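Undergrad: Fit chains B, C, D and E to the known structure of chain A by using the hints.
If you want the building blocks of each chain, they are given just below.
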Amino acid sequence: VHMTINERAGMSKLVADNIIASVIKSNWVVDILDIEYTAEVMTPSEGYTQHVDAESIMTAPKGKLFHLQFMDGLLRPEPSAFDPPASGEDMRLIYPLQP
Amino acid sequence: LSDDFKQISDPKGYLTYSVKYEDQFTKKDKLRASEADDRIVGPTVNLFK
Amino acid sequence: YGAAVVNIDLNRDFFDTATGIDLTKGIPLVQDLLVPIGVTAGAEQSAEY
Amino acid sequence: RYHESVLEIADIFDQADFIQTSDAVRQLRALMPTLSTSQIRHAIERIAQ
Amino acid sequence: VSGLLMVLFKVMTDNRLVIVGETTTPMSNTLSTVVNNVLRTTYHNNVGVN
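Quick note, the sequences are listed as chains A, B, C, D and E, same order.
The opening position of the first sequence corresponds to residue 1 in this note's numbering, with each subsequent residue numbered one higher.
The opening position of the second sequence corresponds to residue 1 in this note's numbering, with each subsequent residue numbered one higher.
The opening position of the third sequence corresponds to residue 1 in this note's numbering, with each subsequent residue numbered one higher.
The opening position of the fourth sequence corresponds to residue 1 in this note's numbering, with each subsequent residue numbered one higher.
The opening position of the fifth sequence corresponds to residue 1 in this note's numbering, with each subsequent residue numbered one higher.
Chain A extracted, bound-state conformation:
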């Protein structure tokens, strides 16, 4: 499903959690048009000074400005040839809807 969410307000917590669970276990894509946010664009060395739970994005007040951070991972040098293999997967949920 590509579930658009025009209005977050009145969404049940069991339902917000259920949608996010569907995002993971069933690969839903979930646009949430009600969010207004400012985006700081962090460089790879400064990492992610801020961290956000899915619960907060599904339950921010409708007028408040969220402050998302996004990596510009372009300035990130190749791994040493002998570094141990990364078994597990880096995973990512949140994306911008426009540039």
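Derived from the structure by calculation, the hints contain no laboratory data.
Cβ coordinates follow ideal geometry from the N, Cα and C atoms, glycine included.
Be careful, since some hints might not be right.
Non-contacting residues of chain E with respect to chain C, defined by C-beta distances greater than 12 angstroms in every case (computed) [as the list claims (entries may be wrong)]:
| no. | residue |
| --- | --- |
| 1 | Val1 |
| 2 | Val7 |
| 3 | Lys10 |
| 4 | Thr13 |
| 5 | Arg16 |
| 6 | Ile19 |
| 7 | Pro26 |
| 8 | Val34 |
| 9 | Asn37 |
| 10 | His44 |
Below, in silico cross-link-like pairs of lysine to any residue (SDA-like), each with a Cα-Cα straight-line distance of 20 angstroms or less [what the hints assert, rightly or not]:
| no. | chain 1 | residue 1 | chain 2 | residue 2 |
| --- | --- | --- | --- | --- |
| 11 | C | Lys25 | A | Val52 |
| 12 | B | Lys12 | E | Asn36 |
| 13 | B | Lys28 | B | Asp38 |
Computed Cβ-Cβ distance ranges for the label pairs, DEER-style [unchecked claim]:
| no. | chain 1 | residue 1 | chain 2 | residue 2 | range |
| --- | --- | --- | --- | --- | --- |
| 14 | D | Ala30 | E | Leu5 | 42 to 52 angstroms |
| 15 | C | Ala43 | E | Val34 | 16 to 26 angstroms |
| 16 | E | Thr41 | A | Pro77 | 54 to 64 angstroms |
TA: For chains B, C, D and E alone, coordinates are given in the frame of chain A:
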């Protein structure tokens, strides 16, 4: 020339809703939404919890 | 060398706090212009933009 | 099958003296909340202070 | 019966005259649209229940 009118401000109706909850299914915790939308919608969503 | 990003921002030194603007989050943000009446506006309002 | 769009008054009037603004201010009014007169007075008083 | 009478009496003598009380005017963006369609500019803080 006359005290014709008591001047109340946030008037009380002659009728109100009154609710009996089934305590087993009722959640004791107060419901919460956006703060403004709770300011309006809130007394209602609590009365008909 | 090594500049990861070069942005073009509003000059914070010019659009100072004296004008009531805060440019720290990348948009101008002014504290008490467009506001709800009868209630405190709350932090990080989008109208502040 | 209409295409709704802004149209600058400069485009229809040749009389340049009587035109000051542009599409811009309309575009900025679009970002603004519907404004109660009391809110407007507030905004003005804020800009004043 | 007498109960009804007093109720009737208490209605016949409700000389109450409303003055506007405390009333918030919410910024429109902070309201869910279903509330916005319901809201008319401003409202009493004692919203009451409907």
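Undergrad: Are the hints correct? Go through all of them and say.
TA: A quick look at each hint next to the structure:
At the 12 angstroms boundary, the C-beta of E:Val1 stays outside the reach of chain C, the nearest C-beta of that chain being 45 angstroms off. Look at E:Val7: its CB is around 34 angstroms from the nearest CB on chain C, clear of 12 angstroms, so calling it non-interface holds up. In this structure E:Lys10 is separated from chain C by more than 12 angstroms, as the shortest Cβ-Cβ distance comes to about 32 angstroms. Under the 12 angstroms C-beta cut-off, the non-interface status given to E:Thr13 relative to chain C holds; the minimum distance is some 32 angstroms.
With a closest Cβ-Cβ approach of about 23 angstroms to chain C, E:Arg16 is found to remain outside the 12 angstroms limit, as its non-interface label requires. Once the 12 angstroms rule is applied to beta carbons, E:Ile19 is consistent with being away from chain C; the minimum gap is 15 angstroms. Residue-level check failed: E:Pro26 sits 5 angstroms from the nearest beta carbon of chain C, not beyond 12 angstroms. Distance check on E:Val34: its Cβ is at least 18 angstroms (rounded) from any Cβ of chain C, clearing the 12 angstroms threshold; non-interface status holds.
For E:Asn37, the shortest C-beta to C-beta distance to chain C comes to about 18 angstroms, beyond the 12 angstroms cut-off, and the non-interface label holds. Not every beta carbon of chain C lies more than 12 angstroms from that of E:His44, the smallest distance being close to 10 angstroms; the non-interface claim is violated. Our distance criterion of 20 angstroms between C-alpha atoms is met by C:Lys25 and A:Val52, whose separation comes to about 17 angstroms. Between the alpha carbons of B:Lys12 and E:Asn36 the distance comes to roughly 25 angstroms, so the proposed pair goes past 20 angstroms and is violated.
For the hint pairing B:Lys28 with B:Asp38, the CA-to-CA distance comes to about 17 angstroms; that is within 20 angstroms, so the pair holds. Checking the proposed 42 to 52 angstroms range against D:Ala30 and E:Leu5 shows it is violated: the Cβ atoms sit about 60 angstroms from each other. For the pair C:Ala43 and E:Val34, the beta carbons lie near 25 angstroms from each other, so the given range of 16 to 26 angstroms is met. The hint said 54 to 64 angstroms for the Cβ distance between E:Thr41 and A:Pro77, and at roughly 58 angstroms that hint holds.
In the structure shown, a violation is registered for the earlier hints numbered 7, 10, 12 and 14, in ascending order.
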